[PDB]
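Participant: Letter by letter, the chains look like this.
Number of protein chains: 4
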Amino acid sequence: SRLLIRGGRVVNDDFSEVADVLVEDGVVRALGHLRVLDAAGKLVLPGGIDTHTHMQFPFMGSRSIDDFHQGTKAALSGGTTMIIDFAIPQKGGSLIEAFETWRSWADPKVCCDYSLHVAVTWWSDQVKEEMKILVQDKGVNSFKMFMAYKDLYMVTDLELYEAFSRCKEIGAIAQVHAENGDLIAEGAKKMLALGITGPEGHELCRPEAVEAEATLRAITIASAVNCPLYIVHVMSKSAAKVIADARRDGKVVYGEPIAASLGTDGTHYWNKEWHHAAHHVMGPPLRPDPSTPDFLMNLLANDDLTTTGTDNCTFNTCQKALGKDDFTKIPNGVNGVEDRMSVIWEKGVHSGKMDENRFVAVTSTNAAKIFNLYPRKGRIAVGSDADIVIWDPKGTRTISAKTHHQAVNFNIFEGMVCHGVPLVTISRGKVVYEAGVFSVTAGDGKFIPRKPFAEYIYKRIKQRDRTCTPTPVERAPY
Amino acid sequence: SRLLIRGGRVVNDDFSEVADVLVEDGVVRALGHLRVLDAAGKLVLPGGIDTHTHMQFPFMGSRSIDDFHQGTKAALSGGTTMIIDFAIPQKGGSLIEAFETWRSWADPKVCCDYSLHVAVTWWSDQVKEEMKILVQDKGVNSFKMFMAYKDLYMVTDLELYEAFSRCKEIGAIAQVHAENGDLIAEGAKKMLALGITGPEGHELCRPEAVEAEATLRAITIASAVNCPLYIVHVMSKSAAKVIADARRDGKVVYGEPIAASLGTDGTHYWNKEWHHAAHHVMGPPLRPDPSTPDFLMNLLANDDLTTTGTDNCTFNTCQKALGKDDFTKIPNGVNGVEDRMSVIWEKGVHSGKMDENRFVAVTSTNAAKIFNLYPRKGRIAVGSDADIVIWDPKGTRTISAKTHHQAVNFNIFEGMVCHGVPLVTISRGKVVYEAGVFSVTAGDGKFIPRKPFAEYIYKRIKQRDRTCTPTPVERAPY
Amino acid sequence: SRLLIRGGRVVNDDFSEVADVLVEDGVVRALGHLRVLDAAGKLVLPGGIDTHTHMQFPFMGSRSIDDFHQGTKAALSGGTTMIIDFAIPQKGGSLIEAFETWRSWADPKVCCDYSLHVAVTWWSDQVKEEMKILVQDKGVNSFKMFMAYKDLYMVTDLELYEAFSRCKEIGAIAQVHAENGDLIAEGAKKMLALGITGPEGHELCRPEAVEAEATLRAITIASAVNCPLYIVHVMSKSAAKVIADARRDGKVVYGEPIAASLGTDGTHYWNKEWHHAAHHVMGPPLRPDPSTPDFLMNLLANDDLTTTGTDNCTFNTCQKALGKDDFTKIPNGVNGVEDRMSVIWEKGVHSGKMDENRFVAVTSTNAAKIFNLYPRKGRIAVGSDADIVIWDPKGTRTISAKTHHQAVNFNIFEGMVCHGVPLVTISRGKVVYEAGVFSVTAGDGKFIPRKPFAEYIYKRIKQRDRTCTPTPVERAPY
Amino acid sequence: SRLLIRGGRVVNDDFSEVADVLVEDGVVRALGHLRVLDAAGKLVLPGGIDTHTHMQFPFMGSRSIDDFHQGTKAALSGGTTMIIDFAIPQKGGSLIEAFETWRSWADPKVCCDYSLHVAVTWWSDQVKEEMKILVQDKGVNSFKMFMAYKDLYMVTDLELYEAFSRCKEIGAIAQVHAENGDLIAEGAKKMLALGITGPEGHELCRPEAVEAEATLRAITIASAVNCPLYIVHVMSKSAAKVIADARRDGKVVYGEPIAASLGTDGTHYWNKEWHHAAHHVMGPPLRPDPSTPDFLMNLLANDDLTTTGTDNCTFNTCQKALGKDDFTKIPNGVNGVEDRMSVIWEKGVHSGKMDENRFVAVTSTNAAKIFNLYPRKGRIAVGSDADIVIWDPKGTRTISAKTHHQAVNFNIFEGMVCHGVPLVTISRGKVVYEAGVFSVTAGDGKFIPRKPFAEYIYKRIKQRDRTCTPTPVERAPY
Ligand SMILES: [Cl-]
Ligand SMILES: [Cl-]
Ligand SMILES: [Cl-]
Ligand SMILES: [Cl-]
Ligand SMILES: [Zn+2]
Ligand SMILES: [Zn+2]
Ligand SMILES: [Zn+2]
Ligand SMILES: [Zn+2]
Ligand SMILES: [Zn+2]
Ligand SMILES: [Zn+2]
Ligand SMILES: [Zn+2]
Ligand SMILES: [Zn+2]
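Chains as they are written, first to last, in PDB author numbering: chain A, 5 to 37, 49 to 493; chain B, 5 to 37, 49 to 493; chain C, 5 to 37, 49 to 493; chain D, 5 to 37, 49 to 493.
Simulated from the structure, these hints should not be mistaken for laboratory data. A hint or two may mislead.
Stated by the list, open to error - Restraint ranges, calculated between C-beta atoms of paired labels, are given here: (1) B:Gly451 / C:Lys344: 53 to 59 angstroms; (2) B:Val432 / C:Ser77: 43 to 49 angstroms; (3) C:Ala34 / A:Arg10: 22 to 28 angstroms; (4) C:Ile148 / A:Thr282: 49 to 55 angstroms; (5) C:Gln141 / D:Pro73: 39 to 45 angstroms.
Just so it is clear, CB atoms sit at the ideal spot from N, CA and C, and this is done for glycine as well.
Using the sequences provided together with the hints, build the complete structure.
Facilitator: So, in structure tokens, the structure goes:
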């Protein structure tokens, strides 16, 4: 019922100090200098917000083995107290129907708080209306549109134009999967026609130019409509370089690198054992440039990239095996939900690239601001939800598929020694993870709704309507 | 019959020296230290090759007043001895039919040598075949595809993919008009709905982001197919910046800035008199950034941009007036064919940005190499065609619509004082322009055919097939 | 004694909400939803922190007319409640002596809170020691070194190396004036030898390449020593572009653009009236590129540049006249202290480039974090000092030397219409400015000391010692 | 006496065609379609010009084992028919004396034609005068200045300013070794104080930021004086990126990457065997970024970098051993003179990055133009010197220290399989290398003098004096 985190160092996005945290009924009630936790010499961080998960997802052939129960269980064991999953309807399928379906899958299963993005996979007047209802009635402020996945989720530039316009009118952010779907389709034919059936052909048919082209296109469509943009799972230096320069030019665009692209690379597609390479297959692919994790982390520290996801969409080895003779038939997706925090602490904080405060912003706070959850989440303050992690920076931890809490039998961070270990995870004011032991039950986590027009992204969009709308030049008629 | 240019300084792309030029039967027969021309203290340059003209073109509502006779007459008066015009078929129209039509318009009219680009305005198996015939039988090695002009010339990314693939197979270069046609259409609705009916709305509906987006897309499609790319009338810093970085990354792409974007800007769209602003309307628009001419010239000097055109598509004031209440109904196109050389000499050579040798490369030689006309044109050497200009760098010249030789009653370089005056223009070994006086008759100029697989662009494309084609990773079956 | 700001919208760096502010004994004591101020429909912002002023400074020939009383009076009338001035010793002069001198000038005069940077104008073991005392005993955490001003303040690269090393050891940030002092000296000879004695020669002898070169050098020296860097009065796109890319590469460097370079340009050096041009003379100069204010503001909004100063160093027209026949004899410095906030609100917030929250960070909060004043200043929170401005974004205001509160008889923002008017300025919990009327007395403002090792800049520097220190490669002896 | 190269494909910088070469008395006398050489299916290229060698150089402790006889013998065996070595005087030593000394070492030894750069290692009025004599009387048009090597060759920014000014007045190009000598000295102390005595400390004390900083500085000093700049042995992406952008901005600067930085990297400094790492030690160091050779080659193909050297300064294993316990005492320098052509053909031409024509420009022609040797060298034309290589692109060749013709017992390209084999090398119209066999004697090669004001670099510098010199703004006296 009551928690007292004592002698710990409370670390937020803006500031850190030595203070004590009094938690009551799921909320931080006090800060200042029946259970007491000794956090001396340790860090008291807001719980991680993973902005990108795909739990139990019927994708291509099958569903991902990490479901909303085990996936959140694994999230909590890693320091992440909130996931934002995607409600994906089929072409011609209802958006509200997909949202309700995804809720019934998650509500009784989830162990930590969660919310939902909704994908606009096709376009009509019916989609246009369903978007407004999801914002007003269901608590949705984000919509994902696909530039990749031809004949599955892909939309044209006109449909991107329309979808962004609608996002603007109803106060939602636009999310885009930036890859040229026409090039990935024609490229995949070429690779198979050349006899490259392995996972290396997956990356080879989608070089980073394809990712970067679509990224700039998304940015250009969004800028022409004055709609705030969010670029999901940024994988390449080129795509990141585009987002960085766009923001430099004053475009309202935000980049989300994932654990995968910050912790490992795409050289693993060329690995001699098929299963190793197949377990790295996702969209966009991991890049065969070993200096990518370094570059992506650098921009993230500098706020050129701002939020962090995992794109967690895990498949077993035998599940991945569905594309053993055809790389297009491999279920796309990798692990990340559990290890995100540690991977970023090790590769980002311990490496000297960013503060502990930047780490908080990058794993929690920036997500809260963008998806309108601040300061309810992403902050340890009076009134905020008690999603708290007691973090030991000094201690080490080895990532292994034999020791992790994910359902997948493979880890892309296998063997990685990470500084920063979550000793205690607190979700909704209740200790749910402590030294390998869970204190959670299914359905304890709750869906939390989000309001439109997030000030962090929309306040400067609204001014642009007022003052960047052009006016005619007064002339005499010819 | 015989010409002896004496005491002149012969300036090529690579080298310049004091030498005498002996011309016989239209060909330079000798170089070394019945008519003799005193070129002492003056420059002997290869005649300009304008890579981009649209003479007597039935565009939107009407035809351009500069036809193949007056347009070439004006070209010769400015130092340009060759034009490469565009054969534009309508959607559903035959390419060979358009080529033959454009030939019958030009052949009896042209005063200087010429050739033709052919536009791929739609896509089928019939277009696919007609492209091969134009290369084998008609002497065409270049095809223009449109990313702009929706419902008129626009093609999709798949059609760009296919059109580039065909250009590669038959040994032709791909030309692209890089502007997002979907954005220009939706943008134009917005401007008129806001009541901006003047020429300023033409630029406002197509900001340089739109040009730059399509440029990168073209480059990305071309790079994925391994097809050499040529970007016509580059207008913006952003689009030029994309081409520069693409070439830096090793992409086979060439940029063609035009006289308009090197000599003037787009601030003139905001001019108080409608006709002034309307006479600057073209696609892409001139940019409202006064530092554009400086930036474009800089890259041109550095070979980031390589060739020069004019996009000469001139309309009278009353012709332009067709869009007096609707900027979309204004015939697009500006002057340039005559003034190109002087504008570039003044803004490029006299300003200290480039050599006289770079000027030759940039107005003649680079065009020859790309369109397979080197060393027949773009060079003063034994065997080369006698397209020669005696050029005075020291003397000045004022550009005015009241004194020029173009049919258009307006000049976008009006009032510009230019160093570099063409004293004598020699076409096909015959003096055709001398101190304001013409010595030409209609049909004197001749169509010159071009062969496929230009070594300058294709030799390194052919190697990429051989060594950049990926190979499978030898693995045991799972 | 007690202030109650009611119905206002409290705007911080991270967040804004409708709340009431209870101020008691100079400190914000409460927040939540004998004098009451109606702030309905208005903004409640933390008072501006100007990071760069030079009040009553005996520079070149004379002293600046804006002294610590009138200068702070003017600061408060503009929304700035704190100034950080510079204690400049002469070559061979004591640093502690200059600090004490500058304190005795300011303490009885200042109307708002203040602190001091100290300049390292020469190097020895005595300077090395005096730096440690200023940090331990005097509350200094910042030192300015000069790359410009030969034979006056300039230090060599070795001395920059040593000065940065000392800043690191004692926990202070290094400030640098980035301009090549050797080039500015040789350049100034050339201009006068050419007969350019006017203010245009001041800019012409120091093109932005000179500023950019020194900026990169400073960054390189600082990076090699692992010392946090601060670049004062950034004036050019090139210098800003260097800082932006440096931070992108993970260098600990911060950029401070000034009101002058955000509100006006350097085209004014070419103005027909001498006094106009002379009143724009400073180091580095304002740039003759009209698009500079736009570019600098853009990066500032994006956090590529982070803090804001004014370099306020104002001279009367007749004072500036000392260099009427020799631009080197013109007292360098321009106005800014009063107008900073409004200039940035108009050019930055109202233009749609940044949030109101970003504006707070950029005029106050980021300064606090860097110079270790957060959250005591730059934030409206329980415990923070009551430096508060009631700000009207809707209302307008014209800047004029005839209506401003600065001692200088000239304003470089003359005629600028600015949105964002300070209705009420609160300093140390006391209303000191209200609708043109002052409620302050001399010496009311107080010097506030700063502690070393500011977590915002040093926490990631300290990690780099631990993990970026190289180790030998274990080898057998040859 | 007479050579007839038959059925070969003559490849120049601008053009290639099937033709026959008639060589008489050391000069190409004819081109068109007692010894005849069958060059069918092979390439006829101009002989390589290596712009950077240091034969038999008393550097640090000893002299390099490759002397002017064996070094040129090795050059010819690789396809290089000309070397341009450096005459390095000591501080206080005469420049003309060093030039004459270097001539007496080379004249009786050299097997191929050569010329000399002269280093300005110190500055006075005596150096100032000696520079003019070397240009007028000795045939020197290039001077190397050092930003690195403190207390040995280093000069200050003022001395760089003066040295560039003199280069301009006498019509010579300025060469600079761009590395911050103050940082390399302080860095080297730090590494040894940390106990890093191996070759890895050589690179670690000079990260590429140091190289890049000095490069930009050199460019800035040169641009302020209007003196043409040449940057020797470019090693890093950063330094190359600076040169590329400088040229893009219109600065007259040329970059010279070397065989070492195009063929290998600096990861070899971390090799477990000391001798391996020591044999890679040079200034600036090879970079620990494996993607460097790729990036440098890319820019070279694009003309961002233009010429090619080797910095050939070879030491035996036991010679290098002088710094076995102190990396500062290792004789700096690596091999390259022989393998340059093949390394560049393999990594540049065969890889599809550049043409065969670009290869000619990059190994020969561009050097000729810059150092005023065109078209006498770098071109196969009537009148040009018969420095010719019959080149087989189809055939392969393995580089090994056991099979090469250099005196050094180590090769940094060891094991590299290279396409492009020199079958026949012709020097001064005489076959000197054929299938492993030499037909040369010592002193056969001859020193060839160079004239000042090379049109390729100076024609646009001279215009800048005329039109970029600022003029006063006409004003009334205040
Ligand atoms: Cl478990
Ligand atoms: Cl006429
Ligand atoms: Cl007053
Ligand atoms: Cl031998
Ligand atoms: Zn996705
Ligand atoms: Zn996803
Ligand atoms: Zn066009
Ligand atoms: Zn056109
Ligand atoms: Zn300063
Ligand atoms: Zn200052
Ligand atoms: Zn060197
Ligand atoms: Zn050298």
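Participant: It remains to establish, for every hint, whether it holds in the given structure.
Facilitator: Here is how each hint holds up against the structure:
Distance hint check: the CB atoms of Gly451 (chain B) and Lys344 (chain C) are about 55 angstroms apart, consistent with the given range 53 to 59 angstroms. For the pair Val432 (chain B) and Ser77 (chain C), the supplied restraint of 43 to 49 angstroms holds, since their beta-carbon distance comes to about 46 angstroms. One distance hint, 22 to 28 angstroms for the beta-carbon pair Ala34 (chain C) and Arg10 (chain A), holds here, with the actual separation near 26 angstroms. About 54 angstroms separates the C-beta atoms of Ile148 (chain C) and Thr282 (chain A), a value consistent with the hinted range of 49 to 55 angstroms.
A C-beta distance of roughly 43 angstroms is found between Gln141 (chain C) and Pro73 (chain D), which places it inside the suggested range of 39 to 45 angstroms.
Checked against the numbered hints above, the structure breaks none of them.
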